[PDB]
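S.K.: These are the residues of each chain, in order.
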Amino acid sequence: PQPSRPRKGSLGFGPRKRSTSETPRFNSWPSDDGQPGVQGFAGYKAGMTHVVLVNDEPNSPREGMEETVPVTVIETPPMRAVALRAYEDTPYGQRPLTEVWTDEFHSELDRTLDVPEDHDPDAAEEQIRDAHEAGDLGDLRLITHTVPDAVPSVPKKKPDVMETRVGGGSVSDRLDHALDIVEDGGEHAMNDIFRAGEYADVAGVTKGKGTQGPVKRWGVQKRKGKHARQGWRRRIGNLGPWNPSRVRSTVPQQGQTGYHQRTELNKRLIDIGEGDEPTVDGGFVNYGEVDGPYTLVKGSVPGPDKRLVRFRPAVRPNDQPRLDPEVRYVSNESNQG
Amino acid sequence: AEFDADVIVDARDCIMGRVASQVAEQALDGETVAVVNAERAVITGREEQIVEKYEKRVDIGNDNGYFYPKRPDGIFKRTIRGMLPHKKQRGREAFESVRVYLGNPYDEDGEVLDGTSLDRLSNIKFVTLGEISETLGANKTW
Amino acid sequence: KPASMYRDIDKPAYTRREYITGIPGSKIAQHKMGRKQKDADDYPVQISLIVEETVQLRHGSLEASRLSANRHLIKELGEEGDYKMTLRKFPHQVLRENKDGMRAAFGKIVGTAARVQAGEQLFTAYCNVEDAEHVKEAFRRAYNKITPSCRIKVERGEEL
Amino acid sequence: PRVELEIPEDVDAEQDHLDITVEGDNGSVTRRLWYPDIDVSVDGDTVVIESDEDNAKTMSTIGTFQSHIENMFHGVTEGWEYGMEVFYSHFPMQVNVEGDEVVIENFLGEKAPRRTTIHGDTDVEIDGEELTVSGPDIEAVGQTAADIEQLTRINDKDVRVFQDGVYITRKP
RNA sequence: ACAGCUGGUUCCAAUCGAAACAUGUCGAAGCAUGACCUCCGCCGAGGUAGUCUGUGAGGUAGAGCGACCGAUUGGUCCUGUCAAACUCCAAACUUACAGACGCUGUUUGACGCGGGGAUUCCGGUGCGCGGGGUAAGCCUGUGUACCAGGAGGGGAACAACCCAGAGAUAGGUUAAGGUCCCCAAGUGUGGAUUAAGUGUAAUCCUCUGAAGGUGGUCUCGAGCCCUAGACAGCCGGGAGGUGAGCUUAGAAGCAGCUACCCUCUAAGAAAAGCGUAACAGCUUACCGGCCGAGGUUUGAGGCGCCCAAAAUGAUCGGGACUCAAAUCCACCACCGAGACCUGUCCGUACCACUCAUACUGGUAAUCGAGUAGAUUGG
RNA sequence: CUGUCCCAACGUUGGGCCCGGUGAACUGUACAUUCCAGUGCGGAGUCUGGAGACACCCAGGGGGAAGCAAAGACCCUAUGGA
RNA sequence: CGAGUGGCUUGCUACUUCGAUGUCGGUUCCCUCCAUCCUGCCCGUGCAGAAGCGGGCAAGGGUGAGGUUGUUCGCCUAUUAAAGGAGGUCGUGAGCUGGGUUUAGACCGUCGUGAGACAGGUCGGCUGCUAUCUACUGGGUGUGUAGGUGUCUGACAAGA
RNA sequence: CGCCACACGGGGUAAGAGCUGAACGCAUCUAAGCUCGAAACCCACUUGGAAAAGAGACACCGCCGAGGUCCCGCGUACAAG
Ligand SMILES: [Cl-]
Ligand SMILES: [Cl-]
Ligand SMILES: [Cl-]
Ligand SMILES: [Cl-]
Ligand SMILES: [Cl-]
Ligand SMILES: [Cl-]
Ligand SMILES: [Cl-]
Ligand SMILES: [Cl-]
Ligand SMILES: [K+]
Ligand SMILES: [Mg+2]
Ligand SMILES: [Mg+2]
Ligand SMILES: [Mg+2]
Ligand SMILES: [Mg+2]
Ligand SMILES: [Mg+2]
Ligand SMILES: [Mg+2]
Ligand SMILES: [Mg+2]
Ligand SMILES: [Mg+2]
Ligand SMILES: [Mg+2]
Ligand SMILES: [Mg+2]
Ligand SMILES: [Mg+2]
Ligand SMILES: [Mg+2]
Ligand SMILES: [Mg+2]
Ligand SMILES: [Mg+2]
Ligand SMILES: [Mg+2]
Ligand SMILES: [Mg+2]
Ligand SMILES: [Mg+2]
Ligand SMILES: [Mg+2]
Ligand SMILES: [Mg+2]
Ligand SMILES: [Mg+2]
Ligand SMILES: [Mg+2]
Ligand SMILES: [Mg+2]
Ligand code: NA
Ligand code: NA
Ligand code: NA
Ligand code: NA
Ligand code: NA
Ligand code: NA
Ligand code: NA
Ligand code: NA
Ligand code: NA
Ligand code: NA
Ligand code: NA
Ligand code: NA
Ligand code: NA
Ligand code: NA
Ligand code: NA
Ligand code: NA
Ligand code: NA
Ligand code: NA
Ligand code: NA
Ligand code: NA
Ligand code: NA
Ligand code: NA
Ligand code: NA
Ligand code: NA
Ligand code: NA
Ligand code: NA
Ligand SMILES: [Sr+2]
Ligand SMILES: [Sr+2]
Ligand SMILES: [Sr+2]
Ligand SMILES: [Sr+2]
Ligand SMILES: [Sr+2]
Ligand SMILES: [Sr+2]
Ligand SMILES: [Sr+2]
Ligand SMILES: [Sr+2]
Ligand SMILES: [Sr+2]
Ligand SMILES: [Sr+2]
Ligand SMILES: [Sr+2]
Ligand SMILES: [Sr+2]
Ligand SMILES: [Sr+2]
Ligand SMILES: [Sr+2]
Ligand SMILES: [Sr+2]
Ligand SMILES: [Sr+2]
Ligand SMILES: [Sr+2]
Ligand SMILES: [Sr+2]
Ligand SMILES: [Sr+2]
Ligand SMILES: [Sr+2]
Ligand SMILES: [Sr+2]
Ligand SMILES: [Sr+2]
Ligand SMILES: [Sr+2]
Ligand SMILES: [Sr+2]
Ligand SMILES: [Sr+2]
Ligand SMILES: [Sr+2]
Ligand SMILES: [Sr+2]
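Sequence order for the protein chains is B, J, H and E.
According to the authors' numbering, the first sequence is numbered sequentially starting from 1.
According to the authors' numbering, the second sequence is numbered sequentially starting from 4.
Per the authors' numbering: the third sequence = residues 4 to 102, 114 to 174.
According to the authors' numbering, the fourth sequence is numbered sequentially starting from 1.
Source of the hints: derived by calculation from the structure; they are not laboratory data.
Heads up, a few of these hints could be off.
[Stated by the list, open to error] If you want a taste of the chain J side facing chain E, the calculated C-beta under 8 Å gives, among others:
no.	residue
1	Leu-124
2	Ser-125
3	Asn-126
4	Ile-127
Note that beta-carbon positions come from the ideal geometry of N, C-alpha and C, so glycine has one too.
Please work from the sequences and hints to get the whole structure.
M.R.: Written as structure tokens, this is what we have:
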């Protein structure tokens, strides 16, 4: 009767085309519960090493015992929240009302931007407050960006700009919290929003695979037995039935594989730090030597070394936070063995 | 944003279809019409079945596609479109010269067309275009 | 076989047994029920089962209803009870079935039916004013086993 | 057809559109009464339910409306009383009222506490082995009252044998 | 090479215009002879597509069968059923002849007769009547109109369904069908029903919906009860003789059996229905009370609901519509063909004049579509 | 015994892709951006109703054109052939 | 006994194609139906519990691996929550396979005087084509909206 | 063949359990009205998505210069582009 089988590959991440902005753009931000705060930070994937910890799980019998855990190194130097964007609530969702900027910019922000010369912060700010006064202020996000220049391993100086939502406090309170941050230089570190032990959401653009066949792309079988010698090996059975007299867009086909945005959930921040503590002997292969601001994110992270990864407090956490896990050992062992 | 509308119509408590029939009619006569407060418009019958029809109209589609509105905004617009030869020259012009809105983005109160109104004091089985929209999945932006 | 095959009158009259042979015997056991010794007029109440549509009722439906109908009257009024039902129709229409292909398609005798035009008494009971409500239930179960819908007309009885 | 309701001396009727609020020294019950061509209204002291129609469907609701108001009268004066008696066989069930929601613990020996939320003003008050739901809004009371009995609903085991549960005993 | 088989066979126009059936045929993918189409010549006053009456032919429907016939019930005459190959009856209708009327013919010569040329003998569909078959967009008859060979208007599309048969052009009025938008004309009138989006689907392979069921709602009638207070609900009482008798350790309204009787009274059963081992205890009849107006039983009609499960995307063409844009009963005003009316030209037929079939003048309500084919001018 | 399979991976060589040069053929009533249904000689890109659809170009695997290629070998028929 | 729905079996018809619409089984890949095997929520019980039996809502997901036979079917084994059924030209041969049917060779049984036959068995016995259109997977160039950079929105669409 | 991550919860119903409740003084889950209730529906989460013809929003820069192409060195990209 022909046994059952789930279709090959998932339909959720479609179409499987190359991404528009290599810089991830979250499409969902955390809820407003705590104090006013920015809802995410970003960095650059460095490489992988393992670490030994002390089991935090109060339920696991292993609780208290050492345990070897893999970790992706991500250099996360200080970013600069260069502006504050306001959204007005209109009959057609949210729309950018107005932004508030600064004076002190990063020496090389003009490599990507058309840096302001004459902005009227106080006035623009007024617009926001009058809109809040009217009861039309939606959510408050801060135009942000990185200092790629800070990271040596990364060749790019030309900064990666991305907006991030701010929440937590009451509209008014967080609004001010925003301005406060911005009304300086916008400098902030990962510890300004995270703490080791907290589960985050790392989003990134996958590794570049170019065009690939159905087998690799949609995980379809290869021709089997005798069927793999007649002149067909990685080609599928057919593109559909007689009728519908067409090719349904749900049949696994050759195409662009990789370079897609992915938002990898519940990534636990195993340790936030600064220095050369996670670096490897010889240097992180095809990256370099780490020294300074960073994060040790548990497990894999979407993307290749040098790619901009983005963090965010877990929108859908499953377990309870175990702040600051006891990190006994971090591997310095070479990655060329 | 600005729309120099000759006619402004208020759909509040008015039978969607009937109102549409006239708007498309006038539009076919060179009348730049504007429907207002459509979310408050209405269609008679068992909500349960009035919904199925619109909920089914969402399920329908394929590679070619069969887009169907959900916002009370849209529904009305497409309804009107179904009363005009929107494929033709004359029709595209007419249909394109008609716009529907959530609430009233204007100053002027919208006039009410004859026969198009309902009386809640005599009816109990009818539905807010917005209720339909809320059910379809739309986010109440009105 | 489904009554659908012989319920309508759309064949000539088929009865001349002097020409038709091998006709299956009637499944109908009795035509007179109750006390066939007593007279019809010896009863106050007289209710009939009127078929509302013109049909052909095979002896099997005839017997089957006649059966379950009388079996109620026997139940609710005793075997040797005071009553007397009657079935005034008889299966004359000989039925056949082409059981080759369409080549030489005249069928072979399979059964028998009783042509009944609408507005007719298939059955007719005779009882006392008290038994009538059973004599009616006896018919409800009767018309359930015959193709057409039916009436139950009290032809004698202004007692209620 | 037309029926009238002379509101009791304690009571204060008042209307706004379709909604009717009733006040007494026990409470206040606002209720919407809506039906095609049945118009309710206050005439000084009497409440008038009237309609030009006289069809069974129209008459059905006319009747229903009256009782809804008459009950509101009694609700705002004397109030509604539903009595319950918590019953347990082998497992000592604990029934208390946490904040605004009667709770039940260790039902049939469960670690998970079952709890319903209280409907409206309704007052759930426990006295050992008895519970007494009361209030002006029979709607909220009768419901909250039922809510409690239902909360101990069991379907996977023979109820004739497994009967632990709070039950309604007095209906007003 | 032969082929009864398939393919092809070249310019304009005007008049007429089929057969897809009969008989015979090694005949059924063909022919011949008829039917029928066409053309020519002849004859010379009748003709008969309709109707009415008259004189005849007839046994299908229907009916009936102590009128034949053969079927087919029961009972101590009575009682229950049938017929393509039955009939004591018996139509409608069909049909011979004749008269009348209508129509038609005697310069358009009918009717008829003789001769030349065909095509045709795969038909189909609607409706009526059929026979066969579970059925079929099935098979096979028949009458008829239509498709084929028939446009144009309507029906969403769509040979045969409705209107309609049609020279050109033009003005006008309708037909079928339609008037909320798409889309020309009514968001027309008086009224009632429907709450299912039933429905918005003449006919249909195509538009399903059935047996059974329905305190959904609407309308109509009939019997009975009732302010001497009905129907229902609440309260009240439901009393003794005696646990009826027997049965039996016991049976005491309430296992079975037979009776089913009289006191008190306003009621109250030899107990209708549960309850106990049996008593208990709980109701039903039955009476009273409170209350206060209609109530109960039954017959018929209307719309609806249920019965109701199929495969890429739901549907009345779509939109969408609910005192309707649904349904039914009536009404009003419109839209809408190439039809009907109307002006002009054209073709053909005939008449007058004429050598002409060249002009000119006239007649057509009773001329103007067409495949095969016949005829004919260019 | 083993990549036949579980269950696929990486690699090698020649193509495949871009560039110069050379340079055909199959096929073509017309129109043609299609899909969903319906309809129709009952298996429609083209009819009806809807939905969808800015043009052009590159690579792909071949769902559809009842794709192309052969006046069906199957079946019957012919007053055919061997 | 009576009333039906379906269009999966079979049968009937001969409308459709004979200037050709590739067979059965299988395989691979995508969509679907519900008359639901499992999973979720429910009703009944000859419902103590436990394990069941029957029924309702429900098509999200699942429904697997093997032994004989070309088999579809079916039989069998061991696992399982369960190892459900049907449609898509009995989905899918310009995808594959070619085991069966159904060429030309040959044997046996049967029938036949014989050639030879078989709605018997058996061994062997081939799988074309460079994609114009359209369709969907992905990748570009332009026009439109009307100078540039950066950041957004979210009608809509997909998911298990 | 290794390793990492892949909810709860909300909202509205079905079958079902009920509430107040009339036509029908009672009774009744329903006729109006209401509380609940499926792995199923919406939301939630991920993905795409200014060509959405109502063809969008905001900030800044610039119209004689903002910016872009070319070019050169190369990959986190890549069959051409
Ligand atoms: Cl394969
Ligand atoms: Cl779609
Ligand atoms: Cl159009
Ligand atoms: Cl209503
Ligand atoms: Cl004619
Ligand atoms: Cl609808
Ligand atoms: Cl000429
Ligand atoms: Cl196993
Ligand atoms: K063929
Ligand atoms: Mg290594
Ligand atoms: Mg190593
Ligand atoms: Mg159990
Ligand atoms: Mg000619
Ligand atoms: Mg001529
Ligand atoms: Mg007869
Ligand atoms: Mg012909
Ligand atoms: Mg109009
Ligand atoms: Mg319908
Ligand atoms: Mg041939
Ligand atoms: Mg042969
Ligand atoms: Mg020979
Ligand atoms: Mg083909
Ligand atoms: Mg089901
Ligand atoms: Mg499903
Ligand atoms: Mg074999
Ligand atoms: Mg197949
Ligand atoms: Mg294929
Ligand atoms: Mg092939
Ligand atoms: Mg073989
Ligand atoms: Mg040989
Ligand atoms: Mg090939
Ligand atoms: Na090959
Ligand atoms: Na095929
Ligand atoms: Na849709
Ligand atoms: Na034979
Ligand atoms: Na020959
Ligand atoms: Na021949
Ligand atoms: Na013939
Ligand atoms: Na012949
Ligand atoms: Na005459
Ligand atoms: Na007749
Ligand atoms: Na004709
Ligand atoms: Na037409
Ligand atoms: Na409908
Ligand atoms: Na409507
Ligand atoms: Na001709
Ligand atoms: Na290998
Ligand atoms: Na193809
Ligand atoms: Na030979
Ligand atoms: Na059927
Ligand atoms: Na196959
Ligand atoms: Na499922
Ligand atoms: Na097998
Ligand atoms: Na096929
Ligand atoms: Na095959
Ligand atoms: Na092949
Ligand atoms: Na739930
Ligand atoms: Sr974003
Ligand atoms: Sr988004
Ligand atoms: Sr091969
Ligand atoms: Sr097709
Ligand atoms: Sr017949
Ligand atoms: Sr019946
Ligand atoms: Sr003629
Ligand atoms: Sr005759
Ligand atoms: Sr109008
Ligand atoms: Sr009107
Ligand atoms: Sr009317
Ligand atoms: Sr059809
Ligand atoms: Sr019909
Ligand atoms: Sr019925
Ligand atoms: Sr179903
Ligand atoms: Sr002519
Ligand atoms: Sr002519
Ligand atoms: Sr290719
Ligand atoms: Sr189950
Ligand atoms: Sr088969
Ligand atoms: Sr077998
Ligand atoms: Sr299959
Ligand atoms: Sr073979
Ligand atoms: Sr053989
Ligand atoms: Sr243009
Ligand atoms: Sr319910
Ligand atoms: Sr744009």
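S.K.: Which of the numbered hints above does this structure break?
M.R.: As far as the earlier hints go, not one is violated by this structure.
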